[PDB]
Amino acid sequence: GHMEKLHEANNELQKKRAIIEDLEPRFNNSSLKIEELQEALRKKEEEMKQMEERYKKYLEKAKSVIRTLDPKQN
Amino acid sequence: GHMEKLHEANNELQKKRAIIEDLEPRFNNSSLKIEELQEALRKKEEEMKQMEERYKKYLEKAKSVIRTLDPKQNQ
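Going line by line, the protein sequences match chains A and B. Position 40, counted from 1, in the first sequence is what the authors' numbering calls 589; the numbers after and before it change by one each time, with no gaps. Position 45, counted from 1, in the second sequence is what the authors' numbering calls 594; the numbers after and before it change by one each time, with no gaps.
Think of the hints as simulated: they come from the structure by calculation, not from any bench.
Dumping the calculated BS3-like pairs for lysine-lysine here, alpha-carbon to alpha-carbon at most 30 Å:
(1) B:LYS582 - A:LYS592
(2) A:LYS565 - A:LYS582
(3) B:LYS582 - B:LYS565
(4) B:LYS606 - B:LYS593
(5) B:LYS554 - A:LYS554
(6) B:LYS564 - B:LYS582
(7) A:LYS592 - A:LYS582
(8) B:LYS593 - A:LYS592
(9) B:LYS582 - A:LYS582
(10) A:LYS592 - A:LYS606
(11) B:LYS606 - A:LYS598
(12) B:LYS592 - A:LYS593
(13) B:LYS606 - A:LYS612
(14) A:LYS593 - B:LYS605
(15) A:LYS593 - A:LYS606
(16) A:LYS610 - A:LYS598
(17) B:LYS565 - A:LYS582
(18) B:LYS593 - A:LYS606
(19) B:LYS605 - B:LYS621
(20) B:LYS565 - B:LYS554
(21) A:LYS606 - B:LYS598
(22) A:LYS605 - B:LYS612
(23) A:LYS598 - A:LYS612
(24) B:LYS592 - A:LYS582
(25) B:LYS598 - A:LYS605
(26) B:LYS606 - B:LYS621
(27) A:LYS610 - B:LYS606
(28) A:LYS606 - B:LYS612
(29) B:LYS606 - B:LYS592
(30) A:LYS593 - B:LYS612
(31) B:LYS610 - B:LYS621
(32) A:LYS592 - B:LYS605
(33) B:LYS598 - B:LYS582
(34) B:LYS605 - B:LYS592
Work the whole structure out from these sequences, hints included.
And the structure:
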């Protein structure tokens, strides 16, 4: 047949059309997601570096409170 | 005539085939990516939980000291 091969071809085109319309919004969503997961990851890793700044500075501060309050040197 | 319609259709098929063949591995990679990231991020919110627990620890030693040396508690 010839008429019958046009039918098989047009239907497969409708099939691929449906495959594409379903997968595209999915792939777009998942792209957005990867971006926000990395802004969260970056923003968290920054918080962690600050958190280490503070505890570090705290320990150094208490190092000098010890000197100030020690009688054996003051 | 009919020749041309079956040629236009078969070549549109190869177009859509190319679209799909290119997007599908991309979408698979990105599904794996989302879950690798979400893992890294929860291993990181954990590391943070430990570090805030450690800093809150130290911040309550510190006010313990601010209270004992409070002039008002020494009179």
